[PDB]
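> Next come the chains, spelled out residue by residue.
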Amino acid sequence: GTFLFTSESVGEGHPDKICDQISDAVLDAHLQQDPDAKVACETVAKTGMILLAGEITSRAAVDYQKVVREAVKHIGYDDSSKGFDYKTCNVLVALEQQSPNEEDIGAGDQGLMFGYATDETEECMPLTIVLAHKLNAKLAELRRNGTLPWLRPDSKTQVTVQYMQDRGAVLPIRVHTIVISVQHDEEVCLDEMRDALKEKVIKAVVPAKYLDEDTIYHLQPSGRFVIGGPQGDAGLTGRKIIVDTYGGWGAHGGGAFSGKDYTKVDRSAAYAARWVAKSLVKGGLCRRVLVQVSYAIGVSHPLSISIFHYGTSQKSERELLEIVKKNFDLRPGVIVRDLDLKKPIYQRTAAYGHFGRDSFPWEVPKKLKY
Amino acid sequence: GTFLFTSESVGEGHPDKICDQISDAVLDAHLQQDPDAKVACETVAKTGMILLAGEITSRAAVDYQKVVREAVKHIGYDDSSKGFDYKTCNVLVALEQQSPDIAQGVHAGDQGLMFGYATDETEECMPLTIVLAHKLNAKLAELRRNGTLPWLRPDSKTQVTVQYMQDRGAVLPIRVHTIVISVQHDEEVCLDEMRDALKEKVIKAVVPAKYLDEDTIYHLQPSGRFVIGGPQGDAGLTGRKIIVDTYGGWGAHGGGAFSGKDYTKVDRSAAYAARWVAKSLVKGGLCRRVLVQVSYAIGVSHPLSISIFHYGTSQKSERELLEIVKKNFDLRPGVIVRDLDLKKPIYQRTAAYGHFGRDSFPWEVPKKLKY
Amino acid sequence: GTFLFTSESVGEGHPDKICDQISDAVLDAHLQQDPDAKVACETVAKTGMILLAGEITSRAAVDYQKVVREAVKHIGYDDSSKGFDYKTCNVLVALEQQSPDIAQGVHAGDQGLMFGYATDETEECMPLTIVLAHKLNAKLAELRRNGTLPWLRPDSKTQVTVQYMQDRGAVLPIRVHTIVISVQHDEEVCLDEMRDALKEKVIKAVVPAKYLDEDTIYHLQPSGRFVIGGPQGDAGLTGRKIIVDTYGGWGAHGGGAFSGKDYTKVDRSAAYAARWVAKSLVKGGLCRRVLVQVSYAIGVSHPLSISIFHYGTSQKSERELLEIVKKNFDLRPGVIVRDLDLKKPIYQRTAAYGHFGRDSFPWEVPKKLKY
Amino acid sequence: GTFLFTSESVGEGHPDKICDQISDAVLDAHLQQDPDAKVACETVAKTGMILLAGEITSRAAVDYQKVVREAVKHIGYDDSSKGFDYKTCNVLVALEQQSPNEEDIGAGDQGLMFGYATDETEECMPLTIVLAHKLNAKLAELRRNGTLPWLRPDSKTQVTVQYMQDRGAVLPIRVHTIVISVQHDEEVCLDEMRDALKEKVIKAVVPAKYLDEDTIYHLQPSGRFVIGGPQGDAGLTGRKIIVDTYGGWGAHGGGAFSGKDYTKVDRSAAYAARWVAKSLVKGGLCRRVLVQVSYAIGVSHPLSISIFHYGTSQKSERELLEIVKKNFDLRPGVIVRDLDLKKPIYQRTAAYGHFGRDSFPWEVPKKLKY
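Chains as they are written, first to last, in the entry's author numbering: chain A, 16 to 115, 126 to 395; chain B, 16 to 122, 132 to 395; chain B', 16 to 122, 132 to 395; chain A', 16 to 115, 126 to 395. A prime marks a further copy of an entry chain.
In isolation and in its complexed conformation, chain A is listed as follows:
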């Protein structure tokens, strides 16, 4: 049977994503000096304020004012006309910082985590969330290179796709609806914005085979959007966890990723579960798969591993599990080495999705032996 599915993505200037990106900029600053830094950094953004709160164990000396302001400048908030300015906003810091066989390190917390993959795209991700992210990334590219200099940092996209099912797999047929709202400078009209959104953004990102006569476009649906970001709005780290992962597809364990080092299995085991799911699909063992893992605080080994193939394998779920246990060691002290999780690359994961890119180690499938 057929169904519609909708995923959302948000640009770097959305207040929740500002916080994710600042959190990871703080993490990256620690890791550049101290690869073994432990970081749990939560960020809050509201009118005129960034606040940092959390715990850090690190030998680094980090200038938080500079790291935060620079990230805000990088996002593109440099003037009160845009709603926020890195030069004059309030930065408050409440980070409590202590000084300090690695394969046996215990999980930093308990929790459950999922990975997912699907053969419907080359990236091995759901089409809805690939397209939603790609529309926001293209907005930011065109903003930053001056192709559309009226663009500002805050944006939200929603993409509805009509699917068919094929023996537990999902086959995207057409884009049903695209919604784009993007922040903009006072000096452009809506007719021009709408035309640019359709021609320079949607047509540059969405394969033409999914767009047809009945595709519904809602471009700047709420009209003008001059002020954005944290102004009259409050955001927090870890409030876009569905957007950061599979856009509604598969499942989620509840843990946020941004501002967390590798011992926080919320992030490292979700990355490893994605790596497992992608490896199974690119291995041709199934067409779509969900992987669950779980941990207890202070315990190095997973408490559970489970594999659900949606009926898209010739192997049983039990046989896939046995294969997974022969090819992967999901201790955090081992995941760190296989996925290089002490490298300061996290600020790049904080927008446009943690999954479906090529450059990240969890997106390179492992050759399986079975």
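Among the clues, some could well be false.
To be verified - Cut-off 30 Å, straight-line C-alpha distance, at most; resulting in silico cross-link-like pairs (DSS-like, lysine-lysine):
hint : chain 1 : residue 1 : chain 2 : residue 2
1    : B'      : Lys88     : A       : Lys88
2    : B       : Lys102    : A'      : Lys102
3    : B'      : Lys81     : A       : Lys102
4    : A'      : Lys81     : A       : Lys367
5    : B       : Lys88     : A'      : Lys88
6    : B'      : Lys88     : B       : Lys53
7    : A'      : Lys163    : B'      : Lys289
8    : B       : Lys102    : B'      : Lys289
9    : A'      : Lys88     : A       : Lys53
10   : B'      : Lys53     : B       : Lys88
11   : A'      : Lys102    : B       : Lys81
12   : A       : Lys88     : B'      : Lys102
Note that these hints are calculated values from the structure, not bench results.
On the provided structure of chain A, position chains B, B' and A' as indicated by the hints.
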């Protein structure tokens, strides 16, 4: 045929849940005085600080000192020895409140989806993994408050792994495979005594005996020592336990936290409606297990689309169930608000022990279906 | 015989004065609704932040978003280019407000001293050094607001050194020795043009020509460049300009700031009373220059002691002046409050340009004395 | 003619003095690593919170959480029963920190400053403020060594003395009134507290010749005082400037001292003016004297220097000025060298008065040539 599935839950004193409870206490304070209040309240808790941020349109005048402090008191943080004290903590108010529109005084949102889920494996009509996880935290609070284990403090986390088998799409719990409990405690009690009380007075008082066996794995105080807890040990924020609030990893989640958001946030009121629909189908005997997917389109009050996925557990087709749902439910967000009585101040009770599964809310009372 | 004496003053946009003005705006908001409000409001201003802290007992419901933002708007900080903007700054409210006593609803402090001072060297009855310093800041604000020098920003500081001679204890200003002016400015204007306008349109519009000569020293924009100012460049707090608020180093100060404190704080209302007494003696022709010292004892409403020090500028003994003061003034703090109308919301006007010397307040209106 | 004079002092646990002491602990932490650090650190204390705000130019890496908490522990707040606890209070940091002939350095700000001295005590200070400070210091000594273990950190004293005048000098005759309020543990009665205040504090500090039959004692005048410090109270740096100096005597320029390095003439020139006043009095050039100096931002030399002797010299005020100008160079870049103002000794100045101690360089008179 068998598989494992794990869910977690956290106690009232976990720092993220403190924040959910405070944000909903704020919402209830506003609704008490102004049933049309619009609220989007975020809370941050860290060593000695409660910060309230967000936007409110309301006629209410709320005393945040009182609302925040009583909530913290009720949770049980009343001394520096416990890491946090309602008498001495810093309450910072950064909320932006405006009066409702002058001219309306004198006279349906995002393109998005919501999921509801229900399963006949428990009477709560919820996954056993998460029902048990919630009940373990609730039992710790009960024994802490009636003084049976006076060494307990408010911060707790639990995790339950169940071994299941499948039967024509339904899931049948066989036994509890693994239980984790970590709970904050006073300085005097010993690990042995804690691990013994958690097994004998908590777990065995909550988990049906038929699910426990000699191979069940217990990880009780697995870190070894948990004196530092609450916001002292970890920063809390509103809306960071969204899976604990819902189905424990089962079903699906389309995104959005609930607490500190009024009934006009559709990702809060339509999620409750989709639960209501899923629970009504299962209690109506129409299927054993169901995922209800409700899509809304920018503007249109009527849902864009509804899909019902019964996993094979129904004698009727997915198109027949969809027809039943349409004949019995009106899922326009304004109709939902009236049918589920969502203008009333009951939200603080939702903010610990899960939004779904308790027999305390209108969305947990099934609708008798005609067909 | 001659000597130098220096005093300073600061503009409305100096970060410490922003805080004094906000704290008094808070007090006035409360008094407007509840004339018995008790207020002790502290303000901190730093890059992008206004923080309100302190204690209030009041029946008022005040909108701090509005009160703080309008005050900042009025000061002139309305864009990030100026370093601070009322539209986008973070207002954090940490004030602790309680209702007045339940049971009194249905039905004189520290051992300390206060000083008043007055001198006949100006009509304001204040030292010339500080009268001139205040007027230079006021003139900058006037020319900034009417657009004569649109390159001016709100943050300014001035300092005036006067050469004096003495005559039987009175002080006689001879000339202005040195003037300092530092004022925040836009990016485009050049130092030469600023230094020329400050001399020609500010100083020469304010200082009587008889005090200026070819040897007068001008330090105008002495740091060279002052684009970064307001709370961006320096943290402000309430009650850090207490000498600018009073006599500019002349007379004496027994300790205490004024702004954000209601009339029941005796170090605020008895300082105004002692000014009133000192000014009344000088305008009554009883002396040319006077320091009035009023001591209060823990509990006793009546002053413990009053000493009058006339520096030799009076035909009457210091004991005769004391007798006159006692026959004409009742310095019990409750009587002071009634006589000077201190329950009214006029405090925000006190918080820039000095509490003493302007003909705008009851304590600056002399009492006609009988003797 | 005779008159009464009253001075106040407050203990380390008074909320305003907590902030002064934290500000100077932050300054001292910078100076221990970077002698040329520029610091303007303001502290705010209220229920459950210390906030730091200001500007720093320094090469130091300072852990602010540790510096603040430790200072709070040092003051003696370790439990919510006392109203405040270093282990669980909120510490928020908003310090903006940049990296960077010294005799020519310009004043860090404009301002006026006074120094004062008087021959009425050996310390060359007014008796009222010497006694007020000494009562608070003795309370803290007895608290910290366990002589009176019921004592807590917050305290306030007021001392009224009856004076005579002698040719512009002031002669203290008797103590008229002593007020002491001190914070205390629940477990002591007021009768015992009052007796200890009189016998172990007042009699150990006030010379017996000033105490007589009519001396009024107000000991714990407002009754019980269990909770103190910042709880239901707000304090700020630089709100006790009269207490920190001459207790009402002489004059004040308005600048606070705590949290400021030597380029902030509010502090360095006030120290130097005190040094000048003390040198004149110990030199026998007068019995009592007030010194004024003033500065402009970015200008190294004083704009004005003035000397008022109260009629207590045989020399004219003009002759004293000429002597001062021959023996002292009041440029901040020179004052720093003469008074050793890069040394991290400032936390010790933050309670019990900056003046009248023996160990500080501004309290050692210079031998004058004239």
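> Please go over all the hints and tell whether each is borne out by the structure.
Now the hints, each set against the structure:
1. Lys88(B') / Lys88(A): At roughly 26 Å apart (the allowed maximum being 30 Å), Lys88(A) and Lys88(B') satisfy the hint.
2. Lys102(B) / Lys102(A'): Between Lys102(B) and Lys102(A') the Cα gap is close to 15 Å, so the pair holds against 30 Å.
3. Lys81(B') / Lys102(A): holds (24 Å)
4. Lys81(A') / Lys367(A): holds (27 Å)
5. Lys88(B) / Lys88(A'): Holds. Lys88(B) to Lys88(A') sits at ~26 Å (cutoff 30 Å).
6. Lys88(B') / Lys53(B): holds (27 Å)
7. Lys163(A') / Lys289(B'): OK: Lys163(A') and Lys289(B') at ~29 Å, within 30 Å.
8. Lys102(B) / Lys289(B'): holds (26 Å)
9. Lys88(A') / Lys53(A): Given pair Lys88(A'), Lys53(A) holds - Cα atoms ~26 Å apart, limit 30 Å.
10. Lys53(B') / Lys88(B): The given pair, whose Cα atoms are some 27 Å apart, holds under the 30 Å limit.
11. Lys102(A') / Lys81(B): Since the Cα atoms of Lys102(A') and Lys81(B) sit roughly 24 Å apart, the hinted pair holds (cutoff 30 Å).
12. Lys88(A) / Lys102(B'): holds (19 Å)
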